[PDB]
Structures are given as structure tokens and as C-alpha cells.
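Below you will find one chain, with nothing else, as C-alpha cells; this is the form solved without the partner chain, and questions on how it binds or moves follow later.
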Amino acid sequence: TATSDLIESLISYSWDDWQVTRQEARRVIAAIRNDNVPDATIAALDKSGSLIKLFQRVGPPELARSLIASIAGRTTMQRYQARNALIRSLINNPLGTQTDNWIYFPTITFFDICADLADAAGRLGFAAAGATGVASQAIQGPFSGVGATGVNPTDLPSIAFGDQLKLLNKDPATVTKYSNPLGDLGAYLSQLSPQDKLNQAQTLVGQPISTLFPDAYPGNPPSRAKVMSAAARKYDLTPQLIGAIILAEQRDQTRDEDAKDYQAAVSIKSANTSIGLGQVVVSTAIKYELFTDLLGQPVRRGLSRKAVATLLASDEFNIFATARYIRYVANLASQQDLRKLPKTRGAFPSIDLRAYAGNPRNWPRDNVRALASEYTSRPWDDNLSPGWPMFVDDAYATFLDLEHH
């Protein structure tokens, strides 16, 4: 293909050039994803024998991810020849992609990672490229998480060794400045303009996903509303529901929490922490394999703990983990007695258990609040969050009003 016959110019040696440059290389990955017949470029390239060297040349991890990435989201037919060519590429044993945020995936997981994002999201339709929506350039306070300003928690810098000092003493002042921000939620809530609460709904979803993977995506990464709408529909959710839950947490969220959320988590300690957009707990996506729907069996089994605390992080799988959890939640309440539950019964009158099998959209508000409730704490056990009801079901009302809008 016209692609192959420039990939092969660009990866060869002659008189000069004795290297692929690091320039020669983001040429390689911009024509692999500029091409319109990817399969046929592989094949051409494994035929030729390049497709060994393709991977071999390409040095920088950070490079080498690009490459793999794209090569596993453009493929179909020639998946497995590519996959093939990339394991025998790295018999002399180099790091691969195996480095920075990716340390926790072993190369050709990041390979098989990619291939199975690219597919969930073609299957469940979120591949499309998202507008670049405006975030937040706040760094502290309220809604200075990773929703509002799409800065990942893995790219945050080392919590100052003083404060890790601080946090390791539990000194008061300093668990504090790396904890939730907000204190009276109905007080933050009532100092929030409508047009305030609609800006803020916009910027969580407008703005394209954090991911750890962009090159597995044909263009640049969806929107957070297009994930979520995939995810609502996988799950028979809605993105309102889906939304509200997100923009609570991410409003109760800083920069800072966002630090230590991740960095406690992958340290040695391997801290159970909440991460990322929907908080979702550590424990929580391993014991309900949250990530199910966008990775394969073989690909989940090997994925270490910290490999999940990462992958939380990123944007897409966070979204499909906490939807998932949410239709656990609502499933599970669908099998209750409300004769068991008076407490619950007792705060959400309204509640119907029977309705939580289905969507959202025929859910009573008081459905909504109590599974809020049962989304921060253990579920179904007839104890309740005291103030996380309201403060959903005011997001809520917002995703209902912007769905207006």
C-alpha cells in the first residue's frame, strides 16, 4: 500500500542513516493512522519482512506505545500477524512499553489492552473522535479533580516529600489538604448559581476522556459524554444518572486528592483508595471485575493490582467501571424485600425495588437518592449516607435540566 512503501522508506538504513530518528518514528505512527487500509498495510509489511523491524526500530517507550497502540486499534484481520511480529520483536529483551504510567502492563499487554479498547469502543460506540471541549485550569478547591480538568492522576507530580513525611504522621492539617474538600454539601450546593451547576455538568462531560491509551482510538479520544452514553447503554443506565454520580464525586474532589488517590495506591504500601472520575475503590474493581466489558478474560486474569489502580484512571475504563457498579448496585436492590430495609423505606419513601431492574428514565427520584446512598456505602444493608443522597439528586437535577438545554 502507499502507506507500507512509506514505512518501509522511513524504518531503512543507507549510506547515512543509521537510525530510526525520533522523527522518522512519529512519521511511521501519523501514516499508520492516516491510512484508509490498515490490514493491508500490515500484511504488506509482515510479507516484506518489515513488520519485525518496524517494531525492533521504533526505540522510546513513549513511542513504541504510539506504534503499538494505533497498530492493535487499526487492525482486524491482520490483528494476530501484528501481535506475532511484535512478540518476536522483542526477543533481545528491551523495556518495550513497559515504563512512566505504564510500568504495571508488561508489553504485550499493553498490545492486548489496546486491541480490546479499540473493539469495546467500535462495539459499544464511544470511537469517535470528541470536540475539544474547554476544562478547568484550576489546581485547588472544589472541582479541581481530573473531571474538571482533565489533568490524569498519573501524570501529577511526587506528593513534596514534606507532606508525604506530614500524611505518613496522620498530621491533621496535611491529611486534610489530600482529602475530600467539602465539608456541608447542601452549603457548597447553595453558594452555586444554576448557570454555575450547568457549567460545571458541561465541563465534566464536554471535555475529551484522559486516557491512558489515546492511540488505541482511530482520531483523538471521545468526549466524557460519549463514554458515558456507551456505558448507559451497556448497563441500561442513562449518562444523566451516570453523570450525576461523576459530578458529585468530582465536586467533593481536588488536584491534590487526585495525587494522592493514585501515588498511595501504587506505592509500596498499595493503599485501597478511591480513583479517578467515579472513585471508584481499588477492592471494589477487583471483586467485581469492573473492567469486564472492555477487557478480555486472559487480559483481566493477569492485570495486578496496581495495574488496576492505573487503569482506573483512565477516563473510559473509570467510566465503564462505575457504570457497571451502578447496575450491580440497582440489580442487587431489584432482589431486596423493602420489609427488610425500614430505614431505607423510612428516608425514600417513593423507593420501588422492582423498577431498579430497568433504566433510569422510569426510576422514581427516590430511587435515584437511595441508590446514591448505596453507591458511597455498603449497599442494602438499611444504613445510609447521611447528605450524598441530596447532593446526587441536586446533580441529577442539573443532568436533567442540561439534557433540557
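Positions refer to the first chain, counted from 1. We call the rigid core the largest set of C-alpha positions that still match within 1.5 Å between the two forms. What changes on going to the form solved in complex with the partner chain:
- Note: rigid core superposed between the two forms; among 139, 77, 131, 168, the CA shift is 2 Å or more only at 131.
- Remark: with the core as the superposition reference, the CA shift of residue 381 between the two forms stays below 2 Å.
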Second form
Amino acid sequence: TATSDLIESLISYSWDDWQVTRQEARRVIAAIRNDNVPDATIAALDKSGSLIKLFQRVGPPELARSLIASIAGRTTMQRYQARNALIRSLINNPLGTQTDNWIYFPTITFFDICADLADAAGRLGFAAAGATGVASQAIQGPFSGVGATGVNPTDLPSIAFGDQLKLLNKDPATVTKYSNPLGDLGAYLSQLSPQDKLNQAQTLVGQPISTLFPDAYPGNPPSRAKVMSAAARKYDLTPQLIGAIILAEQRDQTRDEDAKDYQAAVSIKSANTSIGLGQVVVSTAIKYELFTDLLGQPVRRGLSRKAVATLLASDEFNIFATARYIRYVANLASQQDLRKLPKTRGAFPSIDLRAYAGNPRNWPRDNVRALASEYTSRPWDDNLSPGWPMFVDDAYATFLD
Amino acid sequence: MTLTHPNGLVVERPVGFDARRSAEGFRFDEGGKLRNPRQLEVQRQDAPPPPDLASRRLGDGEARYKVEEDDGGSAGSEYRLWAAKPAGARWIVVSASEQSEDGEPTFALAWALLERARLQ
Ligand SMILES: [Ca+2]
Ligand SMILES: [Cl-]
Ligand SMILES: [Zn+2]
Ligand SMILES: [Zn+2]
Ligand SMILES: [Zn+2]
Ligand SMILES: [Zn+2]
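Since the structure above is the form solved without the partner chain, I would like to see how the form solved in complex with the partner chain looks, so please show that one next.
Following is the full complex, with the preceding chain placed first.
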């Protein structure tokens, strides 16, 4: 193809010239991304015996990630040829893409994640969507976590040494500083007018996903709204419900909490923190296979625990896990015996367990209130969160408009 | 701020907690309408603690206890302390629950409640 021809020369060695430059590497990636016949191009490179060389010769890990994500993303019939060539290139040259934020993904796993993700984005309807909102510039206080700011928890600096010691020393006050920002939930909502709340909603949902795999997408990363819409369709929810759950979490979230959340999880301790947009617990994502609809079985079951914590910091994986978890809590509720949940019945008189099996459009509002309680806490043990139901319900009212 | 059960249990109500008398002691619930409120309970108990529990010195004596952890929600895993100290020929038992995403809570308020409790 036109593209295979261009790449072959871009990466070729000549006498006394055995180095592909950064500039050439970037032109290769750009050419891959602009290709109208990506399968044909890979077929052509493999026929040339140039496919292995392509992977071997685009060296710096940041460029290797763009290369690999782009190829994994756009290929179909030739996907496994590219995959085999990558594997070949990794023999006695193993580092690959596994550096920086991506240190918990072996290179072939990075390839497979991108392929599966791209396929899911195409199939589920979130491959592309222009931004409809703008990130906040806040750095502290409620609504200064990734939901508001678009700043990826894995990009945050190490917690400062002094605070790290206080945290380790179980210092009550420092622990609070890196914990949920809110005490009095109703007091916080009273700070906001209806338009303020709608504006937080638009910021949350309208900005592009903060993704660890931007080149797995055909163009720019889609807005979170597009992904929540796709997750809602997949799990028979509504995006308003998913948005309400996440907006409530993100109000009760700060930049500092994001740093603690992620750093503790990948530290020597492997903490079981709640991570990302929906504040999904690491062990929970594993136990209920929350990445099922974006990643095939082999890739999922091979992820290390720290790799799972990392994916929960990638907005699209988090949105889907959150939605899949919401549908789990709802399904589980529909299997319960209301007579055996008298505290739940007392708090939410209009709760209809059988309705949980259907679409939220048809749930009583008390179902949303109860699920909110049973999202922040252990679900359906008849122990309730006093504050979370109204907090999530307020976010829901805003989205429902 | 002191509380006295007819069975002789006397304890201090924690500041900011609503109190309620139970069959053998008292239940306490954190005030307001929190996301993740602490709950505490204290009771006079005749049956001794189970064997092979952990121990810690508490004030002037010792206490036997166990912390149980269970899957929770976005606020973290559910934790529950169960603790007992000898009070005469009997025991005073305190249990307490809380969610945490940062590992095991200190249960400071719970230990303080058990520590100052007596059967007078
Ligand atoms: Ca939080
Ligand atoms: Cl093609
Ligand atoms: Zn050259
Ligand atoms: Zn957290
Ligand atoms: Zn519960
Ligand atoms: Zn009695």
C-alpha cells in the first residue's frame, strides 16, 4: 500500500545509517493513524518481512505505545500477524511498552488491551465523541478529583514525604486530609445553586475520558458522556443513573484522595482502595470481573492486581466497571426477600425489588435511593448509609432535569 | 453525659452520638446523616469471650478482641470490632463498625468506650 511503502523506507537501515530517528518514528505513527487501508498495510509489511522490524525499530517506550495502540486499534483480519511480529520483536528485547504509567502491563498485554478496547468501543458505540464540557482547574477540596479535573490519578506526583510518614503513622488528621472531603453532605449541596450543580454535571460528563490508551481510539478520546451512554445500553441502565452515582462519588473526592487511592493500591501494601470515577474497589473488580465487556477472558484473568488498579484509573474501564457493578447490585436486590430487609423497607417504603431487574426508567425513586446506600456500603445486608441516598438522589434529580 | 443501665452497666456517651438502651447495655449511632457513620454497642455479658482471641492492654487491664472484615462498597470494606474486658466475674463487651478503604480502623472511640465502662 501507499502506507506500507512509506513505512518501509522510514524504518529502513542504509550503509553507515542504522538508526531510525524520533522524527521518522513519529511519521510512521502518523502514517499508520491516517491509513485508510490498515489491514492491507499490515499484510504488505508482513509480506516484506518488515513487520517485525517496525516493532524492533520504534524504540522509545512512549512511541512504542503509540505505534502499538494504533496498530492494535485499526487492524482486524491482520491483527494476529501484527501480534505475532510484536511477540517476535520482544524476544531478548522485552522492555517494550512496560514503563511509567504502564509498568504493570507486559507489552503483549498492552497490545491485547488496546485491541479488545478498540473492538469494544466500535461494537458498543463509544469510539468517538467530541467534548461537550470543560475540565475544572481546581486542585483541592470537594470535586477536585479526576471527575472534575481530567487529571489522571496515575499522573499525580508521589505524596509528599512528610505526609507519607504521617499517613504511615496512622496520624488521624493526615488520614482525613487524604480521605473523603465531605462530612455534612447536605451542607455541601446547600453551597450549590441548581445551575452550579448542572455545571458540575456538564464538567463531569462532557470532558474527554482521561484514558491510558488514547491511541487505541481512531481519533481523539471520546467524552465520558458517550462511554456512560454505551455502558448504560450494555447493562440496561440509564446514563443519568450512572452519572448520578459517579457525580456523587466525585463531589466526595479530591486530588489528594486520588493520589492516595492509586498510590496505596500499587505500593508494597497493595491496599484495597476505591479508585477512579465510580470509586470501584480493586478486589471487587477482580471478584465480579468488572472489565468483562471491554477485555476478553485471557487478558482479564492474566492481569496482576496492580494492573487492575491501574485500569480503574482509566476512565472508560472505570465507567464500564461502575455500570456493571450497578447492574449487579440491582440484579442482586431483585433476588432478595423484602420481609428479610425490614430496615431497608423502613428507610425506603416505595422500594420495588422486582423492578430492579428492569430499566431504571421504571424504578421508583426509592429504588435509586436504596441502591445508592447499597453502592457506597455492602449491598443488601440491611445496614444503610444515612447520608448517601439523598446525596445521590440530588445528583440524579439534576441529571433527570 | 453518663449513662446507667438498670443491670448496673455505666458508660460515657461519646460526644456527637445518639444513644439507645438495649437488653443488656446501650447502642450508639453517630450524629447527623453521614455517608459512613460509626456505630458502637456496649453490653454487660455473662458468657466469657471465645478462646484464642488477640489481646491488648487497655488502660489498667487487658482486653480480648477480634476485628472482622467484609466486602463493603465505594466507601471501603466493612470492619467490625468485637472486644471484651473482665468486669468482676463477668464481662463488658463492646462491638463497633465502620467502613474504611485504608485498612483496619483504629476504633479509637470504641476502645475508649470499653476502657471507661464499668459494672457499678
Ligand atoms: Ca472519595
Ligand atoms: Cl484495509
Ligand atoms: Zn532513516
Ligand atoms: Zn478514596
Ligand atoms: Zn448496606
Ligand atoms: Zn440482664
